[PDB]
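Only one chain is shown below, in C-alpha cells, and it's the form deposited without nojirimycine tetrazole.
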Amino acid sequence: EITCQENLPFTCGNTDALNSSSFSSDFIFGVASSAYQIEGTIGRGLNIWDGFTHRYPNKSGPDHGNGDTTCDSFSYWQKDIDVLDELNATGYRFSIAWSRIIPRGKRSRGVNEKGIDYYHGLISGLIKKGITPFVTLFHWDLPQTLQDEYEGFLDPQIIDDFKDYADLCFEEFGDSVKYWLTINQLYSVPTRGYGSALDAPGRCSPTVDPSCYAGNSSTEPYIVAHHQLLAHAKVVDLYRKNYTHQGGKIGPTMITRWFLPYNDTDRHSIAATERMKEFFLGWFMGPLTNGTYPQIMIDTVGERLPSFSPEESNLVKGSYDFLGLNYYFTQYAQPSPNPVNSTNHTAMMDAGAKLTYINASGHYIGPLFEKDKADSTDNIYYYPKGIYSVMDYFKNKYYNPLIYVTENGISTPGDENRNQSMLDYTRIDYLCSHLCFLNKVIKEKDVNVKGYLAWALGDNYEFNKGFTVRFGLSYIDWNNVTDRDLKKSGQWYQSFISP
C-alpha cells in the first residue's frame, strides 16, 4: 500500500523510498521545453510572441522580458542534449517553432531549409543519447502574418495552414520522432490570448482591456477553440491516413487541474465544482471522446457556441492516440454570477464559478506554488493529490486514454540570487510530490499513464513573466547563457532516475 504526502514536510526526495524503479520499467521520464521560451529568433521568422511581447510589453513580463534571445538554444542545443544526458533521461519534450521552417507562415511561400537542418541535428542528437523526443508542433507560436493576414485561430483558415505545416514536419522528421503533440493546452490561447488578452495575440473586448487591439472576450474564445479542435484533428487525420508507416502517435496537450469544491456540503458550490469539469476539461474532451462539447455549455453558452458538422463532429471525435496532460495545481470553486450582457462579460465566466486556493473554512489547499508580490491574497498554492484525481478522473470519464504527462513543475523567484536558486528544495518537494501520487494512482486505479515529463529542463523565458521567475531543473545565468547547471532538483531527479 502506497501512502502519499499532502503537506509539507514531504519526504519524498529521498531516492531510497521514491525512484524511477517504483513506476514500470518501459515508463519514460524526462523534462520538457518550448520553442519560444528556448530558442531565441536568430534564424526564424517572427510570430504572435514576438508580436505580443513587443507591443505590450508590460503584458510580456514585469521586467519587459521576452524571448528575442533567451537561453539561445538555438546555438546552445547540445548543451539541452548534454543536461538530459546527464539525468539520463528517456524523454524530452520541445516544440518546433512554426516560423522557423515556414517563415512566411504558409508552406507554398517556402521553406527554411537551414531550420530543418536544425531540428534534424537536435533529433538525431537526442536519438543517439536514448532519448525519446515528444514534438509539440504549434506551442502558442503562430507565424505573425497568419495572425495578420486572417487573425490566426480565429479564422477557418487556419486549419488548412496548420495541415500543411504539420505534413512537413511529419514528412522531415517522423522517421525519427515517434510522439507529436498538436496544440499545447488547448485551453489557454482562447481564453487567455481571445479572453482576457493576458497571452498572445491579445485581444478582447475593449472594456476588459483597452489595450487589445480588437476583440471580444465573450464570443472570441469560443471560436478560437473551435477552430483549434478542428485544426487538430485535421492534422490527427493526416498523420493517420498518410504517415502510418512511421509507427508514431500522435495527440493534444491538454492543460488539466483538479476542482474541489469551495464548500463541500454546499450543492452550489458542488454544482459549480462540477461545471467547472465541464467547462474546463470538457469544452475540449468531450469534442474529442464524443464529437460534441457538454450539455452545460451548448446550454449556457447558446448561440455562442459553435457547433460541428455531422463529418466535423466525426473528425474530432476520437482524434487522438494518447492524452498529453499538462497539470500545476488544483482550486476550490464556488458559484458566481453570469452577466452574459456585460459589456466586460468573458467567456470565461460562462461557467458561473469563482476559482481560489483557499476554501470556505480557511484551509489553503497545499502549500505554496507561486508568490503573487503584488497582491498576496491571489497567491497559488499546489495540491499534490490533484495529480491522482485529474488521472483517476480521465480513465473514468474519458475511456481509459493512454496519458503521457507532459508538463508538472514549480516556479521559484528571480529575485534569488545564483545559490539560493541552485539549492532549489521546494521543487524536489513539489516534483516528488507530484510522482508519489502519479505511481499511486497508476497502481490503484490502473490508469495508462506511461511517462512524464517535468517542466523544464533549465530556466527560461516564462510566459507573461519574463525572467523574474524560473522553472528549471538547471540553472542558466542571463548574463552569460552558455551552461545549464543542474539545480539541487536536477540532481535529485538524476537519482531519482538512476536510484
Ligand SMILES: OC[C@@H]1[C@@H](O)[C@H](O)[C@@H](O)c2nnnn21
Given for the second form:
There are 2 protein chains.
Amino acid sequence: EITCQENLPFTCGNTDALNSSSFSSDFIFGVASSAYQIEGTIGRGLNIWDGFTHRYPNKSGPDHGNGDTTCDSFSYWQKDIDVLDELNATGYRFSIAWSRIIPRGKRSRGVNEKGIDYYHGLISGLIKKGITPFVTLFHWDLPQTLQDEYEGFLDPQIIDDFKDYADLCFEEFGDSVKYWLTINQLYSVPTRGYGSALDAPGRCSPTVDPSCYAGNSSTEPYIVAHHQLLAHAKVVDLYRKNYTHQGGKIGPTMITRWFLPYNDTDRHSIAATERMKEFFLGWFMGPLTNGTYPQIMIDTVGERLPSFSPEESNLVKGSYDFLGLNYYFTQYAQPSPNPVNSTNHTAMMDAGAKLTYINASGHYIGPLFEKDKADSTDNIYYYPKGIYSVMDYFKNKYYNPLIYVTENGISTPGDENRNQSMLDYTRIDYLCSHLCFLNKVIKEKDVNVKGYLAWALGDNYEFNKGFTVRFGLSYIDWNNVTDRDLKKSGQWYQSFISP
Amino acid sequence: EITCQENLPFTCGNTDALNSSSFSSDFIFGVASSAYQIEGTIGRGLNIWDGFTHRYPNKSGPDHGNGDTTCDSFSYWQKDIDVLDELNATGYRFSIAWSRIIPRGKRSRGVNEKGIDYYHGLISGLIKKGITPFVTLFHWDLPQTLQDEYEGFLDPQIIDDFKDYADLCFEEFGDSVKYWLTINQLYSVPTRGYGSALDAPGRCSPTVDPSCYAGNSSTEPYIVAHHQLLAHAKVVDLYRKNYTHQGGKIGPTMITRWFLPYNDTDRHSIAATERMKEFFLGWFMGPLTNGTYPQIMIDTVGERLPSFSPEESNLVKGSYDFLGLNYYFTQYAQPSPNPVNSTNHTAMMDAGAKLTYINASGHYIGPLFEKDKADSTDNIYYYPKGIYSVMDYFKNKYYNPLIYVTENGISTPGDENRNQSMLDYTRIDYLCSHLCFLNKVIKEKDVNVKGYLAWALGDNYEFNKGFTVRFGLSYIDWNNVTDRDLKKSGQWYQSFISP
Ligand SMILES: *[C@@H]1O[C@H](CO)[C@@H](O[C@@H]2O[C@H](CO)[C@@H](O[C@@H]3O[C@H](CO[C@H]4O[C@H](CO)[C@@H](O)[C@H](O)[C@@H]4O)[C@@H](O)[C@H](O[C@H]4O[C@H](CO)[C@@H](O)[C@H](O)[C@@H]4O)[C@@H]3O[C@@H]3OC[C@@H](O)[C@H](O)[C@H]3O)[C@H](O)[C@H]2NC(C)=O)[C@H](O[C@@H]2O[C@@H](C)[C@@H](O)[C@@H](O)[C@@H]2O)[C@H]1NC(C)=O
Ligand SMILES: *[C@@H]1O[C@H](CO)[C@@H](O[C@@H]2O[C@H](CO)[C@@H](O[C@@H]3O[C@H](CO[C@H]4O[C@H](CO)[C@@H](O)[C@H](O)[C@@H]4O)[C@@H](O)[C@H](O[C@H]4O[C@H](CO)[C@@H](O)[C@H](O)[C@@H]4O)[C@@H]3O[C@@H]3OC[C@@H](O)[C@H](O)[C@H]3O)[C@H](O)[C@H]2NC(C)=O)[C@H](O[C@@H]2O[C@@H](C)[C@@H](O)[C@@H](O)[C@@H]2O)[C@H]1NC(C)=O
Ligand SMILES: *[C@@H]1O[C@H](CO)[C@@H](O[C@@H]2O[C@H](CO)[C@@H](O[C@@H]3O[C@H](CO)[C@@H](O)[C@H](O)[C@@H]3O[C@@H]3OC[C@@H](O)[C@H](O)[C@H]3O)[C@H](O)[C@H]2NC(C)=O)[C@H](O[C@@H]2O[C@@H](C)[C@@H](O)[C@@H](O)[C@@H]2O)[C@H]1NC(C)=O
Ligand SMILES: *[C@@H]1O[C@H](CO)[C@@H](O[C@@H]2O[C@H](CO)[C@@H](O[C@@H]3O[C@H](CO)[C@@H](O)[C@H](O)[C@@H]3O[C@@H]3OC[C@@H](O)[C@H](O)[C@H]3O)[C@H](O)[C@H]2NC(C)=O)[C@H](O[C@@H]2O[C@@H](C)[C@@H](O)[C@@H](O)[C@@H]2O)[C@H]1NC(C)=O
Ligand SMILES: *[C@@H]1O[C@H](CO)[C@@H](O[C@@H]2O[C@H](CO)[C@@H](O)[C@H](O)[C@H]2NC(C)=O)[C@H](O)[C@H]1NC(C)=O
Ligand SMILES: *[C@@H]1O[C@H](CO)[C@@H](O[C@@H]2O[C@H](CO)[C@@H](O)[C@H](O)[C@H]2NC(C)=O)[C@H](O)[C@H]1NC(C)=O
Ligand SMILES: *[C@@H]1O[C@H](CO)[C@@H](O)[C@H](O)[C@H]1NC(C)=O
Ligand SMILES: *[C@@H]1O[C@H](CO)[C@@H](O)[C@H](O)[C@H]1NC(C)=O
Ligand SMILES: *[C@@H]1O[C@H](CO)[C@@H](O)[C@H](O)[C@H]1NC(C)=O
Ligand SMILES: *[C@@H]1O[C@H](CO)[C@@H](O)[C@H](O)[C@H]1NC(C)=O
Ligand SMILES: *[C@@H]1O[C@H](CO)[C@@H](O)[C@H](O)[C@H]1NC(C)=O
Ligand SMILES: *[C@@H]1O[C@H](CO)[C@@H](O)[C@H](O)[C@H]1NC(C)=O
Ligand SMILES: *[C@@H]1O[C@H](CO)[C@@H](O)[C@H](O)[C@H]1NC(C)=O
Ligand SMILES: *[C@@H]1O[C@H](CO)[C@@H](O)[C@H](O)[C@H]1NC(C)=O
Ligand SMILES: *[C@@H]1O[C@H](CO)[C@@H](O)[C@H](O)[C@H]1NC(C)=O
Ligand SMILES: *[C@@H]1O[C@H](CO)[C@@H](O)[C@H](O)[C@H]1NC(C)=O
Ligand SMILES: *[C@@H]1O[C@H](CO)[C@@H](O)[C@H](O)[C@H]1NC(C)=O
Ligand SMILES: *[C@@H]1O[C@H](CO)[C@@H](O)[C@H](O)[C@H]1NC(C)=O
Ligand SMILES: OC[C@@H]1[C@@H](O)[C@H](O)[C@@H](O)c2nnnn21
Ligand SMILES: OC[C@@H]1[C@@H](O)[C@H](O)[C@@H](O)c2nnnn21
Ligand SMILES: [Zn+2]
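Since the one above is the form deposited without nojirimycine tetrazole, can you give the form deposited with nojirimycine tetrazole bound too?
Entire complex below, previous chain first.
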C-alpha cells in the first residue's frame, strides 16, 4: 500500500523510498523543453512569440525578456544532450520551431535545409545516448507570416499549412522519432492568446485589454480552439495514413488541472467544479473522444460554439494514439456570473466559475507554487494529489487512454542568487510529491501512464515571465549561457532515475 | 571667392567664417534619422531588419546589436524634438515604419491606429517648433510578412502594397507633411540586400555567402532595383494625381558618391570611373530622367537587365519633384574583370571597377572616415570636395534638379568613453568641411540645393555595426537612453545655425 504526502514537509526525496524502480521497467523518465524558450532566433525566421514579445514588451515578462538568445540551445544542443546523459534520462521532449524549418510558413515557399540539419543532429545525438525523443510539432511559435496573412489559427487556412509542415517533419525525422505531439496544451492559445491576450498573438476585446491590436475575447477562443482541433486531427490522419511504416505514435498535449469544490457541501460550488472539468478538459477531450463538444458548452456557448460537420467529427474523434498530459496544479471552483452581453466578456467566463487556491473555510490547497509579488492573494499553490485525480479521471471518463506526462515542474524566483538557485529543495519536493502520487495512481487505478517528463531541462525564457523565474533542473547563468549545471533537483532526479 | 579645405587641419568650425547666413535665407538646416534605427519594436509589427538581425546576428553588428530598443524614440520622441529645438533646426528627416502603421503589410488587413497617432504627435510637435518634416516612406524596414509572402521587392506584388501604404501616409499625414521621400538610397537594398547579403533581407548566391537563405547575386539586384523604380514611380504618380491639393513635393533618395580615377592619366582607370558613375548613379538616374537604363548597363548586363514597357518608362521618367541626395564619401576607380560565369558573380562586378581610397601613386583621398580594425587597408577615407563634384554633376547631367542633402555625417568608435565621444571634433571637421563645399557649389555652379540634413540626430542602431559606432550630433547612453545630449558637434551646429 502506497502512502503519499500532500503537505510539507515531504520525505519523498529519499531515493530509498521512491525511485524509478518503483515504476514499471519500461517507464520513461526525462525532461522537457520548447523551442522558443531555449533555442534563440539565430538561424530561423520570426514567429508570433518574437512578434508578441517585441510589440508588447511588458507582456513578455517584468524584465521585458524574450527568446532572442535565451540559453542558446541552437549552439549548445550538445550540452542539452549532456544533461540528459548525466541524468540517465530515457526521454526528452523538445519542440520543433516551425520558423526554423519553414521560415516562410507555407511549405511550398521552401524549406531551411540548415534548420532541418539542426534537428537531425539533435535527434541523432539523443538516440546515440539512448534517449527517446518526444517531439512537439507546435509549441505556440507560429511563423509571423501566417499570423499576418490570415491571423493564424483564427482562420481555417491554418489547417493545410500546419498539415504540410507536419508532413515535412514526418518525412524528415519520423524514421527516428516515434513519439509526436501535435499542439502543446490545446487550452492555452485560445484562452491566453485570443481571450486574455496574456500570450501571443495578443488578441482580445478592446475593453479586456486596450493594447490588443484586434480581437474578440468572447468568440475568438472558440474559433481558434476549433481550428486547433481540426488541424490536429488532419495531422493525426496524415500520420496514421501516410507514415504508418514508421511505427510511431502521435497525440495532442492537454494542460490538465484538477478541480475541487470551493465549498464541498455547497451544490452550487460542486456544480461549478463539474462545469470546470467540462469547460477546461472536455472542451478538447469531448471532441477527441466523441467528435462533439460537451453538452454544457453547447448549451452555454450557443451560437458562439462552432459545429463539426459529420466528416470533421469523424476526423477529430479518436485522433490520438496517446495523450500528452501536462499537469502543474489544481483549483477550487465556486460559482461566478457569465455576463455574455458585457463588452469585457471572455470565453473563460462561460464556465460560470471563479477559481481559487483557498477554499471557503480558508484552507490553502497545498504548498506554494508561485508567489505573485504584486498581489500575494493571487499566489498559486500546488496539490500533489491532483495528478492522481487527473489520471484517474482520464482513465474513467476518457476511455482508458495511453498517457505520457509531458510536463510537470515548478519555478523558483530569478531574484535568488546562484547558490540559492542551485539549492532548489522546493523543486525536489514538488517533483517527488507528484511522482509519488503518479506511482500510486498507476498501481491503484491501473492508469496506462508510460512516462514522465519534468519541466524543464534547464533554465530558459519562461512565457510571460522572461528570466524572472527559473524552471530548470539544471542552472544556466544568463551572463554566460554555455553550461547547464545540475541543481540539487537535477542531482536528486539523477539518483531517482538510477538509485 | 570661396576657398574650402580638403585636408586636415580644417578651420571651418569657426562660425565667424562659415555659418547658416553664408547660405540663402530660406535654406533648411537640420538632421536625419530612420525608424528602425531609433524607435524600437514596441508598438509595431516585425520587419525584415528585425528578421535579418535576429536570424543572422553576426551581420547585425560585431556586438550583435539590433533595433529592438535602441534609443527608444517610440517613448522619447519629444526628446528628439527637444534636440531639434535646441539646435534651432528648420528641418528634420525621419522615416515612417511601415510595420508600425500596417503591421500586416497589406493595407486591407487593417491599420494600427495607435501607430498612426504616434506619427501624428511627432509631426504636430515638429511643426509647433517650426521644424519642417522630411518624411521617408521606406527606410528599408519592410514588413516581414511581405518578404515571406513574396520575397518583398523581388516580386512585382510589392508595387501595389507599397502604393497602398504610401496612400495611407499621404491621407493621414500629408495635410502637414510637405516633403516626402519614397525609398531611401535606391542603390543599397539591391546590392547589399540581394547582392552581398550584408543587409536585410540577406539573399545572395550560395558561393557569395553560404549563410544566405536563397538568392542570386547576379540577377536579383537588377530585379529588385527595377521593382524599386516602379514602386517609387507608382507612388509619385499617386501623390501627384491624388494629393496635389496638399501642396507638397516628393522624390526618391539616392546614395551619391563621387568617383575619381585611381590613375588619372590611365585611360582604363578613367573609363572605369565613368562606368562607375553610370552603374552607381545612372542605374537609377537614367530611369528617373529618361525612362531607360544607361546604355553601358544595357550592353554589359544584357538579359539580366529588365526592360521597361512604354507605359512603365513613362511612369518612371520624371517621377520626382526633387531629389534627396545622401553623400558620405568618394572612391577611386580602376579596372576590374567582370566574370559573369563565375558562381560568385555579383551585379556589383558588372561595372568592371575596383574601388579604393588610395590612388596609384599612394595618395589617400582625404581624412579618415571609418577605421576597419579587422583590416586597416580597408579603412574608408572622406573627400569634402566630393559633395561639390556630385552636386555639379547632378545639375549638369540630370537636368538641374531641386536637391535636398538628406544625409551627410561620420561615425566615431563605440569603444570611446563618454567624454571622448562628446569631444567629437572629428565630426565638426567632417560636417563643416562638407558644408563649405556645399555653399561653394551653390554659389559657383548655381546648383538648386535648398537644404541640408546631417546624419544623425542622435546615436542609434547603425545598420551592420550595432552600437559599435556612433553617428549622432547628440549622445545617448545605452544604459539609460532617455537623454540626448548635444556633443561638441551638436553645439557647433547650433552656433552654425544661429551664429
Ligand atoms: C456524443 O456524440 C453524440 C452524437 O454523435 C451525442 O449525441 C447527440 O446529442 C445531441 C445533443 O447534443 C442530440 O441532438 C439533439 O437531437 C434532438 C433530436 O433530433 C432528432 O429528432 C429531432 C428531435 O425532435 C430533429 O429536429 C432532428 O433533425 C433529429 O431527427 C435535437 O433538437 C437537439 O437539437 C436542439 O439542441 C441542440 C443543442 O443540443 C441545438 O444546437 C439545436 O439547435 C436544437 O436547439 C439535438 O439536435 C442537434 O442539434 C444541433 C445540430 O447541429 C445537430 O446535428 C443535431 O443533432 C443527438 O440526437 C445525439 N445523437 C445521437 C446519435 O444520440 C452525444 O451526446 C450525449 O449523449 C446524448 C444522448 C445526449 O445526452 C447529449 O446531451 C450528451 O452530450 C455525445 N456524447 C457526449 C458525452 O458528449
Ligand atoms: C533615352 O531614352 C531613349 C529612348 O526613349 C534612348 O534612345 C533609344 O536608344 C536605344 C538604344 O538603347 C535605341 O534603340 C536601338 O534601336 C536600334 C534601331 O531600331 C529601330 O530600327 C531598328 C534599327 O535597325 C529595328 O529593329 C527597331 O525595331 C527600330 O525600328 C536597335 O537595334 C537597338 O537594339 C539592339 O540594341 C539593344 C541594346 O541597345 C538590344 O537590347 C536589342 O536586342 C538590340 O540588340 C536598339 O533597339 C532597342 O532594342 C531593345 C528594345 O527593348 C527597345 O525597345 C529597342 O528600342 C532607340 O532607337 C533610341 N530611341 C530613340 C527614340 O532615339 C536614349 O538612348 C541614348 O541616346 C540614343 C540615341 C543612343 O545613343 C543610346 O545609346 C543613348 O543611351 C536614352 N538616353 C540616355 C541618355 O540613356
Ligand atoms: C458551505 O456551503 C454551505 C451550504 O451553502 C454553507 O451553509 C449554509 O450557510 C448559509 C449562510 O451562508 C446558511 O443560511 C443562513 O442560515 C441562518 C439560519 O436561518 C440565517 O439567519 C441566514 O439568513 C441564512 O439563511 C439563508 O438566507 C438566504 C436564503 O436565500 C436561504 O434560503 C437561507 O438558507 C445555511 O443554513 C447553511 N446551510 C447548511 C446546510 O448548513 C456553509 O456555511 C457555513 O456553515 C453554515 C452552517 C454557517 O455557519 C455559515 O456561517 C458558514 O459560512 C458554507 N461553508 C463555508 C465555510 O462557507
Ligand atoms: C599611370 O598610368 C600610366 C599609363 O598607364 C602609367 O604609365 C605607364 O606605365 C607603364 C608601366 O606600368 C609604362 O610601360 C612600361 O614602359 C617601359 C619602357 O618601355 C617598359 O620596359 C615596360 O615593359 C612597360 O611597357 C609596357 O609593357 C606592356 C605593354 O603591353 C605596353 O605596350 C608597354 O607600354 C608606360 O610607358 C607608361 N605610360 C606612359 C604614357 O608613361 C603610370 O606608371 C607610372 O609612370 C610610368 C612612366 C612608370 O614610371 C611606371 O613605373 C609608374 O608606375 C601610372 N602611374 C602610376 C603611379 O601607377
Ligand atoms: C463579439 O463578436 C460577437 C459576435 O459577432 C458580438 O456579439 C454580437 O453582438 C452583436 C451586436 O450586439 C449582436 O447583434 C449579436 O446578438 C451578438 N451575437 C452573439 C453571438 O453574442 C460581440 O459584440 C463582439 N464583442 C466585441 C467586444 O466586439
Ligand atoms: C543566376 O540566375 C542566372 C539566370 O537564371 C543563372 O545564369 C544562367 O545560368 C544558366 C545555367 O548556366 C544559364 O543557362 C544561362 O545562360 C545563364 N543566364 C544568364 C542570363 O547568365 C545563374 O547561374 C544563377 N546564378 C546562381 C549562382 O544561381
Ligand atoms: C527503490 O524504492 C523501492 C520502493 O519503491 C525500494 O524497495 C528499493 O530498495 C529502492 N531502490 C534503491 C536502490 O534504493
Ligand atoms: C504596458 O504596455 C502597453 C502598451 O503595449 C500599455 O498599454 C500598458 O499600460 C503598459 N502597462 C503598464 C502596467 O504600464
Ligand atoms: C498522402 O500522401 C499522398 C502523396 O503525397 C497525398 O497526396 C495524400 O493525399 C496524402 N494523405 C493524407 C493526409 O491522407
Ligand atoms: C469587467 O470585468 C472586470 C474584470 O473581469 C470587472 O472588474 C468589471 O466589473 C467588469 N465591468 C462590467 C461593466 O461588468
Ligand atoms: C563561459 O562558460 C564556459 C563554460 O563554463 C567557459 O568555458 C567559458 O570560458 C566562459 N566564458 C566566460 C567569459 O566566462
Ligand atoms: C543507467 O540506467 C540503467 C537502467 O536502469 C542502469 O542499468 C545503468 O547502470 C545506469 N547508468 C548510470 C551511469 O547510472
Ligand atoms: C557668417 O559667416 C559670414 C561668412 O560666410 C560672415 O560674413 C558673418 O559675419 C558670419 N556671421 C556671424 C554672426 O558671425
Ligand atoms: C556568422 O554566422 C553565420 C551563420 O549565420 C556563419 O555562417 C558564419 O560563419 C559566422 N561568421 C563568422 C565570422 O564566424
Ligand atoms: C486615385 O484615388 C482614387 C480613389 O480612391 C483611385 O481609385 C484612383 O485609381 C487613384 N489614382 C492614382 C494612383 O492615380
Ligand atoms: C570569387 O570571388 C572572390 C571574391 O569576389 C575571390 O576571392 C575568388 O577569386 C573568386 N573565385 C573564382 C573561382 O573566381
Ligand atoms: C535616466 O536618465 C534620465 C535622464 O537623465 C534620468 O532622469 C533618470 O533618473 C535616469 N535613470 C537612471 C536609473 O539612471
Ligand atoms: C532662431 O533662428 C532664427 C532665424 O535665423 C533667429 O532669428 C532666432 O534668433 C534663433 N533663435 C535662437 C534661440 O537661436
Ligand atoms: O509555466 C511553466 C510551463 C511553460 O514554460 C511551458 O511552455 C508551458 O507548456 C506551460 N504551461 N503551464 N506551465 N508551463
Ligand atoms: O552609415 C551611416 C548611414 C546609415 O545609418 C543610414 O541608415 C543609411 O541611409 C546610410 N547610408 N550610408 N550611410 N548611412
Ligand atoms: Zn529582439
